[PDB]
Amino acid sequence: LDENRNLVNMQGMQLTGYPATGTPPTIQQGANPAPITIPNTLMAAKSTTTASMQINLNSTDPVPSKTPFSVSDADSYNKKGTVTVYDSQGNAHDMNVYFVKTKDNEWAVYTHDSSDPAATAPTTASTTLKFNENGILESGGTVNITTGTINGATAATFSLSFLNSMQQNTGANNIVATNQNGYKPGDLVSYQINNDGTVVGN
Amino acid sequence: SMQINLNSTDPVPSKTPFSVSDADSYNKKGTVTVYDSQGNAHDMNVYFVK
Amino acid sequence: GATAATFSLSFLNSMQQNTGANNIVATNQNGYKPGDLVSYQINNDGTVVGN
Amino acid sequence: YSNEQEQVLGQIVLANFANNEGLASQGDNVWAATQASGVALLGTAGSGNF
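Protein chains in written order, with this note's numbering: chain A, 1 to 202; chain B, 1 to 50; chain C, 1 to 51; chain D, 1 to 50.
Since the hints were derived computationally from the structure, they do not count as laboratory data. Where hints are given, some of them may not hold.
As the list claims (entries may be wrong) - Distance condition first, Cα-Cα at most 27 Å in a straight line; then the derived DSSO-like pairs of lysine-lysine:
1) A:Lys46 x A:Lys184
2) A:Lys79 x C:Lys33
3) C:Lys33 x A:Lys46
4) C:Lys33 x A:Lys80
5) A:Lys79 x A:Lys103
6) C:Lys33 x A:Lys103
To be verified - Only some residues are given here: those of chain A computed to face chain C with a beta carbon under 10 Å:
7) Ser59
8) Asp61
9) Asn78
10) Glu106
11) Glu133
12) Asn134
13) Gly135
14) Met166
15) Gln168
16) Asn169
17) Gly171
Ideal Cβ positions, reconstructed from N, Cα and C, are used throughout, including at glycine.
With the rest of the complex left out, here is chain A:
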């Protein structure tokens, strides 16, 4: 390296390559070569826009005895799922998704937020899920979810997906995959060179 944080040989000539542009940055094989530089400026957070989870539901699960939904009692909802969501400032939202089995081959999905003191406890049905004869999901798996504002930052609006989920009897409800597209701001730590020529910074 050097004072300007550039990849330089031992004699003092800058190294060039394919520049990276875009959000998120990506390599381009159609641009003119430019010197490659490792920046030290801290990156900013990006609001979560598409989160997807896989939940396996039970066909042999009896309907909960309590007819009205409750947020303070575990027996009111069949399954609980915690998901991390990042907003435009960096605040972390521990979104709680509640699955309730009201009848046969029908599920009600409720959404709640725990990090917001002013958040409203869910009472009504937010999403309706119906599976096929063999438990294959058909439609209705994408939901528009908005969190609650905190510290004067605007709420994050995103799409929550339950695709590739089946209600086939697996014994107990289990979440096998959970992913989202939000990240808190980071700081430059280290850089590594792969065998494809790409430089990856941690």
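Place chains B, C and D on chain A using the hints.
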């Protein structure tokens, strides 16, 4: 598929009408477990009578 | 809300001779419940098989 | 202290350079920053690049 051995000397049950919870209503009782599309277990009782 | 399993049951190769007491010696089914992937292995035939 | 009292007299600072191999060695086992070695960029041993 299943295999069952039948007793050639086993007499006809005394109670001719068939019942669900009577030992003498039939000679033998067996259970077969099958699985449906949703994976639920279905138990089929097979009753052997003479 | 699940359709019933409409299967075919066979009693082929059955014994009727007197063997003292009737007993079950062979029973099976072709329906399997979804089971989790415990592990995987490779046998001497070169195949990869998961249990 | 004899009265079950703890006092803090400061913390040792750490300096990370944007570019190593530019620190010219000066006699004993110390290094002096210069051009192509960056500013000291003082920090703390807690977390980050240190």
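Here is what the structure says about each hint:
1. A:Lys46 x A:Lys184: holds (7 Å)
2. A:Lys79 x C:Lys33: holds (22 Å)
3. C:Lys33 x A:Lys46: Cα-Cα ~42 Å, so violated.
4. C:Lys33 x A:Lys80: holds (25 Å)
5. A:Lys79 x A:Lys103: holds (15 Å)
6. C:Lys33 x A:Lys103: holds (22 Å)
7. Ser59: holds (7 Å)
8. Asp61: Violated: closest Cβ of chain C sits about 13 Å from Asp61 of chain A, beyond 10 Å.
9. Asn78: It is violated, given that the least Cβ distance between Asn78 of chain A and chain C is near 16 Å, above 10 Å.
10. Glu106: This interface hint holds because 8 Å falls under the 10 Å limit.
11. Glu133: holds (6 Å)
12. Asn134: It holds, given that the least Cβ distance between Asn134 of chain A and chain C is near 9 Å, below 10 Å.
13. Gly135: This hint holds: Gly135 of chain A lies near chain C, its Cβ roughly 9 Å from the closest one there, short of 10 Å.
14. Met166: With Cβ-Cβ at 8 Å, under 10 Å, it holds.
15. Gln168: holds (5 Å)
16. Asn169: holds (6 Å)
17. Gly171: holds (9 Å)
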